[PDB]
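With the hints as extra help, turn the sequences into a complete structure.
Protein chains: 2
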Amino acid sequence: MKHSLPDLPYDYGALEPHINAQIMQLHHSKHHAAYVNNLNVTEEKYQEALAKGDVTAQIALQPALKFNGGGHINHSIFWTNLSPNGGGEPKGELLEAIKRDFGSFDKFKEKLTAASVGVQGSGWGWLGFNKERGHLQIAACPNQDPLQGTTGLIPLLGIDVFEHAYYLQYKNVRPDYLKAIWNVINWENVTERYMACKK
Amino acid sequence: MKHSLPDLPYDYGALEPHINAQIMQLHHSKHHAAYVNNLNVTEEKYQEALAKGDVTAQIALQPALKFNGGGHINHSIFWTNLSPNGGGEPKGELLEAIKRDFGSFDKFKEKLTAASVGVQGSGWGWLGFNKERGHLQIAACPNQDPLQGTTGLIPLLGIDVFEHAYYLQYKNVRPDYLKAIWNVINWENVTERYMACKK
Ligand SMILES: [Mn+2]
Ligand SMILES: [Mn+2]
Numbered sequence: 000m001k002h003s004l005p006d007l008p009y010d011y012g013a014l015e016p017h018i019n020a021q022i023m024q025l026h027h028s029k030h031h032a033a034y035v036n037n038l039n040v041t042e043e044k045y046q047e048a049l050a051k052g053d054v055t056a057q058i059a060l061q062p063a064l065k066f067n068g069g070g071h072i073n074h075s076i077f078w079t080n081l082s083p084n085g086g087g088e089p090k091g092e093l094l095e096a097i098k099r100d101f102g103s104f105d106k107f108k109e110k111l112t113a114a115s116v117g118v119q120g121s122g123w124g125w126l127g128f129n130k131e132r133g134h135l136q137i138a139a140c141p142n143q144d145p146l147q148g149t150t151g152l153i154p155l156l157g158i159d160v161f162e163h164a165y166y167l168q169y170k171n172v173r174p175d176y177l178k179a180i181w182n183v184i185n186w187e188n189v190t191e192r193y194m195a196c197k198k
Numbered sequence: 000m001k002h003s004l005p006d007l008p009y010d011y012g013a014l015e016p017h018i019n020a021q022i023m024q025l026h027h028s029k030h031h032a033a034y035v036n037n038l039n040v041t042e043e044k045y046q047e048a049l050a051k052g053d054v055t056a057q058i059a060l061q062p063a064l065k066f067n068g069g070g071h072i073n074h075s076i077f078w079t080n081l082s083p084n085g086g087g088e089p090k091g092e093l094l095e096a097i098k099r100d101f102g103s104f105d106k107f108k109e110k111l112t113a114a115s116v117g118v119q120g121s122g123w124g125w126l127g128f129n130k131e132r133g134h135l136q137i138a139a140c141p142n143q144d145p146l147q148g149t150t151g152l153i154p155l156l157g158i159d160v161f162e163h164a165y166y167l168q169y170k171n172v173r174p175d176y177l178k179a180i181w182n183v184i185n186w187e188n189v190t191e192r193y194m195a196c197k198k
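Chains A and B supply the protein sequences, listed in that same order.
So in the entry's author numbering the end of the first sequence lands on 198, straight run, no missing numbers.
So in the entry's author numbering the end of the second sequence lands on 198, straight run, no missing numbers.
Fair warning: there could be bad hints in the mix.
Pairs involving identical chains hold if they fit within one copy or between any two copies, as the list cannot separate such chains.
Below, simulated DSS-like cross-link-like pairs (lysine-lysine); rule was C-alpha separation at most 27 angstroms, straight line [unchecked claim]: (1) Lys1 - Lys44; (2) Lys51 - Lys29; (3) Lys197 - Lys51; (4) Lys110 - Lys1; (5) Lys1 - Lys51; (6) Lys198 - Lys51; (7) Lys197 - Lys106; (8) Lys108 - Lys98; (9) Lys51 - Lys108; (10) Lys98 - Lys170; (11) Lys130 - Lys51; (12) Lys130 - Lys44; (13) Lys197 - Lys98; (14) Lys106 - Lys44.
Note that these hints are calculated values from the structure, not bench results.
So this is what it looks like as structure tokens:
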């Protein structure tokens, strides 16, 4: 059992005009494919170092593991966080939590947008669920650093603000990308991750 | 596998008055012991995570692996870098390399002292060997981050400037600790590590 690049659950052009087909095809078939492959390479090196007790080699592999492992985690969620059937607002308990914790849906959007635009360099913005605190929480992550691995928060919605996620279409204007992406958020999927946290 | 705490090459008081017996006993039997015990626990969690393909857990474990793994790496070297028979200046090729790259033994001491005193918070000062350039190099690392694992340099001489390495004796006056430790440097051991990675 090794990790595999999951197929996109929709056509490359399904998110147009918000994210064009060239970005989606490169993002999935080039960037994510590389993370999975590099992740499997790093895991194998880590297994040999562990069997040998080479702690130096284990630590030397950590950046590659976090970057490519994080890449696999984050992009697997990202594809499910988007959909041609997306957009609009969530319903039910997720919507109520958003209003309770952030005041309103629109207030939440400004905060997550500000966190995503506020990333200097490469990184991710996340809406997560804090199991210990029992409420929602917004965080930004550097590079491919994944939310749960580095913060314990359970990822609900991630926004890739790597330049490869938008540059071909929006060039330097990251805020235009952020404006458009709200129209394709698959709140059905985001609701599923939230409801799975509560029991 | 199972890493183990290496026996000290001398008794806890052999480095007095420069490093007192209480520090040595605590440093080896408590601090280093904890790195080994915590390293083994973290490594076991890694094997399970690798067997399960739980990348989040692997990444969540990285800080504990680097801190305790690095702790194990650094302190195992540190003990061999010190000796009751130590002090003075090195001889032969090691001494020649120091004069060439740092001007003189005394200038080398000033630079490594400054790098060690300059660490803000916890960390280590290292004299290392750069295999690609074929010469000596001084660098500082934060916390237990090990020299080779994070820089590729081969460790020759390390100076622990964690507060537990001197505080009981020297309190806040780290420069007195740095000055004193030169008296017990095991240049025979430093030469062995250097010659192993040098003609
Ligand atoms: Mn990406
Ligand atoms: Mn120490």
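- [ ] If the cutoff is 27 angstroms on CA atoms, where do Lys197 and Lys106 land: within, between, both or neither? Let me know, please.
- [x] For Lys197 and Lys106, only the intra-copy Cα distance (22 angstroms) is at most 27 angstroms; the inter-copy one is 62 angstroms.
TODO: At 27 angstroms max between alpha carbons, let me know whether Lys197 reaches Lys51 within a copy, between copies, both or neither.
DONE: between (41 angstroms within a copy, 24 angstroms between copies)
Open item on the list: At most 27 angstroms between alpha carbons: which applies to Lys1 and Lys44, within, between, both or neither?
Closed with: both (13 angstroms within a copy, 19 angstroms between copies)
- [ ] Tell me, please, which holds for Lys51 and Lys29 at an alpha-carbon limit of 27 angstroms: within, between, both or neither?
- [x] Cα proximity of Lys51 and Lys29: across copies only (25 angstroms, versus 33 angstroms in one copy).
TODO: Give the relationship of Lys106 and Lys44 under a CA distance limit of 27 angstroms: within one copy only, between copies only, both, or neither.
DONE: neither (45 angstroms within a copy, 40 angstroms between copies)
TODO: Up to 27 angstroms between alpha-carbons, please classify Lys198 paired with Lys51: within, between, both or neither.
DONE: This pair counts as between: shortest inter-copy Cα distance 25 angstroms, intra-copy 42 angstroms.
Open item on the list: At most 27 angstroms between CA atoms: does that hold for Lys110 and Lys1 within a copy, between copies, both, or neither?
Closed with: neither (37 angstroms within a copy, 47 angstroms between copies)
TODO: Give the relationship of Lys130 and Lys44 under a CA distance limit of 27 angstroms: within one copy only, between copies only, both, or neither.
DONE: The answer is between: 22 angstroms across copies meets 27 angstroms, while 33 angstroms in one copy does not.
TODO: Pop the pair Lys130 and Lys51 into one bin, within, between, both or neither, using alpha-carbon distances up to 27 angstroms.
DONE: The answer is between: 23 angstroms across copies meets 27 angstroms, while 37 angstroms in one copy does not.
- [ ] Have a look at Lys108 and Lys98 and pick one of within, between, both or neither, based on CA distance no larger than 27 angstroms.
- [x] The answer is within: 11 angstroms in one copy meets 27 angstroms, while 62 angstroms across copies does not.
Task: 27 angstroms Cα threshold - placement of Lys108 relative to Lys51 - done: neither (49 angstroms within a copy, 36 angstroms between copies)
TODO: Classify it for me, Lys1 with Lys51: is the Cα-Cα distance of at most 27 angstroms met within a copy, between copies, both or neither?
DONE: For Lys1 and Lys51, the Cα distance is within 27 angstroms both inside one copy (21 angstroms) and across copies (10 angstroms).
The structure fails to meet hints 4, 9, 10, 14 from the earlier list, while all remaining hints are met.
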